[PDB]
Structure formats: C-alpha cells, structure tokens
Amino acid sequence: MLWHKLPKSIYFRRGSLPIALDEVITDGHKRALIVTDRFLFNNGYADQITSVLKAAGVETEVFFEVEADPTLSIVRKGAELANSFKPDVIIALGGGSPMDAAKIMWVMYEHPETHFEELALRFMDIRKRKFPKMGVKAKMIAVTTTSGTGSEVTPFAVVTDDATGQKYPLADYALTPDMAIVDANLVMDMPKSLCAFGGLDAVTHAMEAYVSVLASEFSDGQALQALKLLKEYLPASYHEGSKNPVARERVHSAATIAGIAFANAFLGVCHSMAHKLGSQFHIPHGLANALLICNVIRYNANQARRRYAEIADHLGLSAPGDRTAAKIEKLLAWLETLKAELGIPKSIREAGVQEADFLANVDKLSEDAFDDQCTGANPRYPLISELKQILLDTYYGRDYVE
C-alpha cells in the first residue's frame, strides 16, 4: 500500500502570506512563535509575519538562532523558549534549516517527557510499527524563503548532535506542517547562487522522486510538473531575478511541488552522497546535488532507464524515433547545459575541494552515503565500491561509466 500525505493547506502565489495569516487569526490562534535564522530576522523577514499577527492582537515571539544546520543544542533552546512562551502555533520561516529545526522543537514542546535520542532511535524513517500525538499544544506553519527545499510539505527533519557531530534524521507524517505558505514576495532578493542551488535541489528532488522505488501515480505527475516548471522558468529566474517576478513565482511553486512528490516517494543516492559531500566539505546542499545528479542518472540508468526516458519526453527533449539511450543522453545534455548557465562548476575539484583532502575521506563518504536513509529508495541497490566510483568520477569531472 502507498499513500499521498501533505499539509491540509498549501497557500501560494505572491501575497499569499498576509492572507494565510488571516486564516491563522480567524482560527483563533493567540500566541505565535516564529522560528527562523539570523539573516532572515535581521533583514525584516520575520517582521512580515509579526506585523500582521500583532495588528490582530496575537502575541508573538521570535527565535532567530537556528543556523545553517539544525543542531541539538539550538533545538533544545528553541523548545525551552516554547515551553515558557507557550505558543499555540509555531511558524517556521526560512529555508530547510529553520523548517527542520522547528519540526523537532515542536515535538519536544508537545512532549517534554520524551528524550530526543529515544525519538531518534524509533522514528528514523517511514515504516509501519506510533509517533507521539502532535498538534495538541500547537499547530505548525512553514513559510519557505528559498526555491527551494520543499521541507514545508515533508515529514522529514535532521538535527546534528553538537557533542558528537552525529546527524539524526527523523521522519514521520506527524511532523508534516499543518499549513505551508509559499509566497514569492519573500524570494525576490535571492542572490544568483542561492537561486541556482535551491533550483537544482528542487530538480534533484523531482528527478529522484520520479525514479524512486516508491514512486506512485499520485506522486509522478507532480514530479514531472516540477521538472517542467524548472526547465521553463529556472534560467529566467536566475538571469533576470526580480525583473521577472513571474519566473521567480513559478520556481517557488515548483520547489514546493517537488516537495509534494518526494514527501511521499522519497529520494535516492544522489541525496545520500550530496549529504555527505556537503557536511564533510561544507558545500551547499543544492550545489552538492547539482554536482552529482548527472552521474547518478548514468548510474541508475543501468526500471529507472525507462523512467528517465519518460522525463525527457515530458520535457520536450526527445525527437521522433529516439529510443531510450538517445533520450537519456538528451536528458543529461539538458541538465549539463542548465548547470553551466547557472554557473555550476564541472567537478567537485572546481568547487574548491582539493585533492589530498578528497582522497582522505572518499571511503568514509562512500560508506556513510550507503548508510544514509535516502539510499533505500534508490532504484538501483548500490555497492559501496560503486558509490566510491561515482564520487571519484564527480571529483575529477569524468562521466560515470560501468
């Protein structure tokens, strides 16, 4: 049996934020905790939420100390703030890090009796087994400011234990936000690199969700629609920025639609390896995926290859009388051209990772990627040896070949 599980409400288009918040007000919420990071707090993004809520007599508090990774110490501090402030709605504001952090703060607030590493142990991934009851003390709203991680519609969160550096993925549909707000007025200032990295992150989400062993007829159409929107609007969004708000808005929705797909179909080894590259070498998550995705397609295309050919057909990249190999070659050629015009380097070496450093860690990276939660959904069951070959090829800029 399969499922399609999403927030009850996803509000989108420019200007949806104040209208969605009016529903929060009319639903009777009186105490709102905003969870965000320092850049977004400092640059007025939290004010866009708190001004509307305060005008209606809602009490507000802002926790702005989440950084680039959700850490256990920061999550505990935010949960302690919730315990004292007692919100009846938590509003995550930002990219993947604040939204993921807010999900775990929410659990700890709803269930102060539970120890995190308890939860970390039992709810590592989606399977049948129960998650503690959520949404009694507070509802969860996610407001995304990049285009994007899709975390505003997913059951996933990761937090790093400061003391050990160990990452703990959590996954349960009780962590899916109650409402997602996708308002492109919040992304018109994104710099080019963040536009590129978030957009290729979204491409990767939809690509991995489409060929995942858990792909379904309920996820497939959203995955393909996300890819079509990104093909058609991501270059203009990157090049033109705020001068083309429609392109910015289309990509903002596309990243959420990719989230809808992978929230239910999950991902694959491109994310498994991207996680390890990013954390070891401090490469942005979207850049790591951009560097790996074409070799992962080459790897999975040896059924995934039929599915990749369908994506090429959907994106208008195929010609009359192409058979599968030629269609996949055209899908890869489109991705390499997209990466190039978005300023993505051609190798991890050209991303700034330098040779002795990479060879010292490549075996640990391969082993850890194998153990990553996203590996189980990949259409090809990997050998550690093979993940190492992909990583090396991607380091030196070679196409993966068997």
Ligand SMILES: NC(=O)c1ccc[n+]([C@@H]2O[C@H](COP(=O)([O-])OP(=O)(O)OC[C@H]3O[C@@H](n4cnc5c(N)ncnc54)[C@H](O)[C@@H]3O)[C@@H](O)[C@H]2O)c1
Given for the second form:
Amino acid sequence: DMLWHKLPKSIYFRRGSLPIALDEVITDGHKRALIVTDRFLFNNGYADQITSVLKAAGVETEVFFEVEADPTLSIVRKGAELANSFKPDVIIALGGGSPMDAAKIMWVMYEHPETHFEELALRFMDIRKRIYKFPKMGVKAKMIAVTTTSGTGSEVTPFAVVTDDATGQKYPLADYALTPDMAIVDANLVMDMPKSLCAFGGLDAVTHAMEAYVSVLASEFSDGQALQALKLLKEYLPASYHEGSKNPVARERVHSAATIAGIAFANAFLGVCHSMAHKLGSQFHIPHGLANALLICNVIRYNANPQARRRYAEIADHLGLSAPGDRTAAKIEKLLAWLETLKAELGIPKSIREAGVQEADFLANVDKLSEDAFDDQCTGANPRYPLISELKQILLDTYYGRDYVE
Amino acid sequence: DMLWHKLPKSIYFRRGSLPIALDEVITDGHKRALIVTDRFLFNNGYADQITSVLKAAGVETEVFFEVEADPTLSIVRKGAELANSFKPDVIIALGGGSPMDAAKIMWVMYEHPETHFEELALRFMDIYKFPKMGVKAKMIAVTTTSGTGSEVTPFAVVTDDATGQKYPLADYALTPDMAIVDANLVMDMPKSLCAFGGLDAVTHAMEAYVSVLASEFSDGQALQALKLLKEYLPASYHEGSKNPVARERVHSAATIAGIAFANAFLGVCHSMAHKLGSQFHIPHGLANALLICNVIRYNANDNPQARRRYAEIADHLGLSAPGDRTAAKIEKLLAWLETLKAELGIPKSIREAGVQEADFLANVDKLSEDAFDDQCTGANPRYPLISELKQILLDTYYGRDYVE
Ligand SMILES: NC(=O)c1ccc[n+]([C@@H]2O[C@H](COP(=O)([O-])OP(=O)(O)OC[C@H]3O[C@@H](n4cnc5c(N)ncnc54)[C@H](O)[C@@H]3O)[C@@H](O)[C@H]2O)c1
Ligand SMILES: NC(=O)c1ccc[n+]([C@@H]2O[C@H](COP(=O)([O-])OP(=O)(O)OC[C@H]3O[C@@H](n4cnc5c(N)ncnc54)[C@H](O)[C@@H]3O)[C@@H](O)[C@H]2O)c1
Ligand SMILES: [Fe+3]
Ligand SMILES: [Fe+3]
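Coords for the form solved in complex with the named molecule, given the form deposited without the named molecule:
Shown next: the complete complex, the earlier chain at its head.
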C-alpha cells in the first residue's frame, strides 16, 4: 500500500520561461533535437520559438508537424521513423494533449525499435504492481513537453493514448517511464487560444482536479495541489475566457492551474467522469474537455450518494462556497451551483442533446458506451464502484439534461 | 524571472514503504550500497532495516555511521573516502538533517574526487554548471525525523572543523534521486525531537508561503503542510506511538513543507535561527520556534503584502471568524502558534532556553550582521536592516513581542 509522488525532474514556468529553459537543454550538451507538433502550431510560428534558440547554439533541429487532433498509430510510427533517421538526443513535444501524447509513444518506439506497439498496448495500459518492467527509457533521448493549452496536464503525467487508425480503437498507455524529463509551462504560448479551447481545456483541468481529489488513490501529497488547481480555476477561468490575451495574468494563472491539476492526477488518477467522457468523445467526436464538462456535475451527484461526499464538501469549503452551519448536503449543492454557473458563462451546452448529438444515434449506442465506460482504466480509481446500469442512467440523464437522482 | 518546481524523481510514502522502495532499488540493478547514518540509528537497528533487505538480494552493503550533529568537513571527507574505497552505485542516507546533508556532500566528493571543497563552497552557495551527478551513484534519502525535509531539497550545510565556519551548498544536482518517507521510522522519536522537527516544518511552510519566490506551484503544498501540522502535531507530541496516524500525518507534512521550501525558499526566521544555533548550540528547530512569532510580527508590518498572506494562512487553518480584519486574523495565527509552542514545551524566550545575558549581549551585533548576510534573507518579504534584526533578537532574548 505504498503511495508515491512522481513528477518531471524539472517543471519550469512563468511567461518567457521557454527560451530560458531551452538554454539548460543547450548547456546539458544536447546536440540533436526533434520537435513534435501539429500543423496549426507550426504554421503560426510556435515551433520557431524553439528551433531559433537551439540553432543559435549550434543544435541540429528537425520538426515533425503532422500530429492531428487524436494521435494515430500511423502518425506515431511516421514520427518514430523520423526519429530513427534523424537520431535526436532530445525530443521536444509542443502542443496540447495530442502532440504531447504522440511524442511519448514516438519516444518509446525510437528507444526500442524492436518492440511492437501491440506489446506496449496490451502490457502497459494501467499503472500497477508488475514483475516485468517497462523498457528502459532516456538512453537515446530525453523528453521535454511544452504545453500550449490550459490544459491536459500531459506535460507532467505518465499517460498517453493512441488510436489504431485501422480499427478506430483507442489504446491507453501508462508508465512513469513516460513522464517527461522536463515540463515547460509558458503562458506566452496560450495568449491567443480561442474561447472554445480555453473553455474546454479549463473544464478538463477542473475535472482532473475534482476526480483526483475524490479518487481512492488521493493522498496528502496530491490533495493540496488538486485544491489549488480548483481555486485558481474558480478565480481566473472566467476572466481568461472572457478577456483572453487582454488579461495575461488570468491566462497565466489558468495555464499553471492545468499543470497543477496534472500534478495531482498523475499520482492520484481520475474516475468515471473521464471513463464516460472518453467514450462520448470517441463515439460522437465531442472534444475531451466538452465531454467532461457535460458529465462532471452528474458524476458528482452519483459519487456523493473517507466518503466522497465529505471530500466534495471539503472542496466547497476550500473554494469559499459554503456558509457557516451548512451541512454536507448543502455544501455539495453549492459546489454544483458554482460548476453550473461556470459552465454557463463558458458557453457549455446544458445537455449532450444540445451539444448536437441526435437522439436515435445516442440511444443506439448508449449500452455500448456504458459497457465500455465500466471497462475503462479510469473507472478503477472512482470512489463509487459502478454498475453498467448506473453508468447508462448517468449517460441518459446527461443526454436529456436531467440531474442524476439515486 | 523563470520559476520552477523541482523534486526527486520518486517520493515514496506510507508506513512500510521502506522495504517496498528498497525492492525497486534491487530491481533497478544496484549492486553496491553505502548507507550513511549516525551512531544512534545504527545502534537501534535502523540501518539493519535497510542492509538486511539489500543483503538478502545479493547487494553488497557498507555503513558509515559516524555522522554527528552539524556535519563537519573531516567527517564528510572520511565518508567520501569510504565511498572511494567501497565504490557504491547507490548512497542511502538514513536519518535526520545531519546524515541527509552529510550524504549529499559525500556524494559530490565521491562523484568528483578532483574537486576541492573551496570550489564547491564558493561557487554554489546560492541557487557555473554544477559538476555532473549520478554517474557513479544514485542518492536515496530516508528521513527519520518530522522533520527537515532535506530528503526533497537541493540544500546541504557543512562546518569547516578548522575554523568553525558553516558553508551552505545549494544546487538541484544535490536533490536526492529518491525520497522515502516511512513513518514506522518515527514512532519512537522523543518529545524534544518531535517538537523541534515539527516546528522546523511549521517554519519551513510559513516562510515558503510568504517568500518573495512563492508561487502557485508551492503555495498549496505550504498550506497543506501547515494544515496537517495544526491538526496532528499536538497529538503526535502528546501521544507519540500511541497515535500512529498523527505520527504518519506529521511525517508527511514535514516532507510536503520540504516540497514548498525546496522551490520557494525561506526567510529571516531561518537566517536568525542559523546564527543562534551556531553561536549557542541551540537545536535548529528550537531556534526557529523561538523566533518565528516575532518574525511574523516583523514581516506583517503594513508598508503582495506578507500581511495579506499571513491572513490567508489563518483562513486556511480555520483560525479566523467571519468579519475578522487582517490584523485580527494575524493575531489569531500568532495565538495558535503560541499555544502550540506551549504544548511542545518551547521556552518563552532565548533567556529561558539557557543563554546567559552577557553572552547574548556580547554576540548580538555579530548575530544581526551574519543573519542579514545569510542566503535565506534574500527571500524574506521584508528587506531587513541589521538594526531591525538586532531588535528582533533582543526582543526574543527578553521574551518581548516585537513592536514596530
Ligand atoms: N483519452 C485520454 O486519456 C486523453 C487525455 C488527454 C489528452 N487526450 C487527447 O489529447 C487531445 C486533447 O488535447 P488538447 O485539448 O490540449 O488539444 P489538442 O492537442 O487536440 O489541440 C486541439 C486543437 O487546438 C489547437 N491548439 C493547440 N494549442 C493552441 C494554442 N495555443 N492556440 C490555439 N490553438 C491551439 C491545436 O493545434 C488543435 O488544432 C485530444 O485529441 C484527446 O483525445 C486524450
Ligand atoms: N539548510 C540545510 O541545508 C539543512 C537541511 C537540513 C538540516 N540542516 C541542519 O541539520 C539539522 C537537522 O537535524 P534533525 O532535526 O533532523 O536532527 P539530526 O539529524 O541532527 O538528529 C538529531 C538527533 O536525533 C536522533 N534521531 C534521528 N532520528 C531519530 C528517530 N527516529 N528516533 C530517535 N532519535 C532519532 C539522531 O540520532 C540525533 O541524535 C539542523 O542542525 C539543521 O540546521 C540544514
Ligand atoms: Fe482529461
Ligand atoms: Fe529548517
């Protein structure tokens, strides 16, 4: 029953931290850097912010900018083959969850060209006690994650997910050997995020912290960070959304908050909100953060039925939502009211139906969604052990915009 | 103005985590382990808890158990020479701040026998590139007090025997590769060690929260350490091993305070405590306990503001009442600390800690000057004058509250 707190060697942050952190990459003696990113970030000059600094110091650079919305095995393999040819001694992921997750798997494949993806996907889908260990990492290259959304927190986590394009099946990988060697959290890179990305990333971060706090693997080492992320998000996410680049402090606070939520869930994991959000995302092509935003309130209601209900009340107290003499039930209602108001000002629809999913389509798939969500690796940390029938009820309630009632 | 959050690769915790973490040391392929500890911990079988597990797996072991309070250059050099002869691939510090700090410097000397101590002391006193670490050996810190948090920090201090001068080293290459926080190792701590370590931890978290280098990445951890300490230190001191939950919570709290100050640093409480400790041989945690309330009063002087931050701590700890103004929140924070100190048997003044008046008066100017110069001073939210530090020291000597 040993627990842990496992983070990157260095997390660097503050506006302008990117070039300063890169100077350490240089002085560490790195000579060949592969940047892994997407087309938007390349076309908008974000990768140049990395390569210009490295080139000035005589570091050879290559940029792979072909990561798309969800990392696919074909793209990961292509990136790995570029690594095989270019031979980087540092891989630098630049972007949101998609480039960061893709880069982690490219890194494994580069370190171990003998290893088939099937071996990785079937053996290392979760964190658990094992006899056979993850293949040794960081021999050919170190991994740096530069996050440009606020955010997935992938820059500090042992997690990656890749879609097998041949079948559409998503494969989660998890091992602390995939935790980046360095995370760079520079809010200059998120000043121009559109409103939808700001909202979805921010509510993803809220969900990460919320699930990490009530997880059966929560501890005194993660609780403070989960609560801090929630406080920062409560205090700055509205302004970040409304004002964007006009309020750089709010953008910076939220960028930090998403990483801090990462610190918590990297160690405490998540719950059934993520389980269900994964399946909604895959089935209906709803962005991850939106899917979480749609489900989180009903998951709280469900989990609140070391009771989770006491923990939710602790969050209410931390966020200043409760009044003296409030009972647990009332504190939870106040937590829910806060979340509902936050969702409203961030333009989140009130139901999956209002997010554009047709009723017949939903009903035809809801049983499969419920079964798959039960089976999801995220379910194991949820404080309430679910039945498939209960997850179905949550999904239906969320589709029709009803509050879950036990 | 880049900031950072830098911790050991792994922090492992919970009662019984030591043997479980050691199994990972074994499976990582370590073959030769040097344990660095003190005589008390060796004689009470604490080192055997490590060596028995490693030996059973065919790992060669050696123990250096000669670390004393205030590690000296002679002792560090002797430990380094043992490392040079034994050739460990892992160094495992076992103990409080003295073995942990000593082990960090032994590690550097073993990794770099070519390097003169003067080079290290004069170049790396304050957060050159540090000479590459972790080539010959990884560093594991196993803390047995609650505590210094040294198991997660980039700090070590050694005394030059020849002169009595203390040399702080600070670099993230000294951060352990692994910290092990196993409260089974602290169940039998005596009351004074419990008190002094606990109040050291309170001070670490308090100074890290109001430090000019505080950030959103450390603040939550500083507040968590303070909440854990408020909630469990009274029971830990009173009940000891009869309340293992409290002992466990406080052991975690000391490390969590470490997480905060490893990154946000400290302030003038530590600056003054270092000098009181060196001059009068007052234990570090006792020295901090004697000074912390007056440092709060000093730092809280009205013209973010430290005073707002202290009020935030009061709110976090549930010490404030609705409608309380900042001043009243701070008075409630101070009252909490005073009551905690009372339970823990902390003297009400430096005089009552056994320091003779003539001795104190003869040294107070030097204490004030040295405290100003201490590396810890730079992070303090109030930029001090030597005259003000002198006043704090005198007030604390005579048991008076500092008044602006
Ligand atoms: N299933 C899981 O466990 C899990 C968890 C996290 C991540 N993921 C995956 O990662 C992705 C989520 O990452 P994300 O939400 O951060 O976004 P993303 O990486 O999918 O990026 C989404 C879009 O935003 C753009 N973008 C990125 N940074 C920007 C910026 N600063 N300004 C403007 N546009 C920017 C990207 O170029 C892209 O077009 C999804 O594909 C999701 O499936 C999955
Ligand atoms: N800034 C820095 O670099 C830094 C960091 C840490 C500590 N330090 C210094 O090191 C010291 C910190 O020491 P500490 O408080 O951990 O104590 P310590 O290591 O000096 O040990 C104090 C005594 O407690 C005993 N002891 C330790 N663990 C015990 C246990 N579980 N049960 C019973 N007895 C036990 C030891 O054997 C010793 O006799 C201070 O002097 C401090 O200034 C400096
Ligand atoms: Fe998520
Ligand atoms: Fe201290």
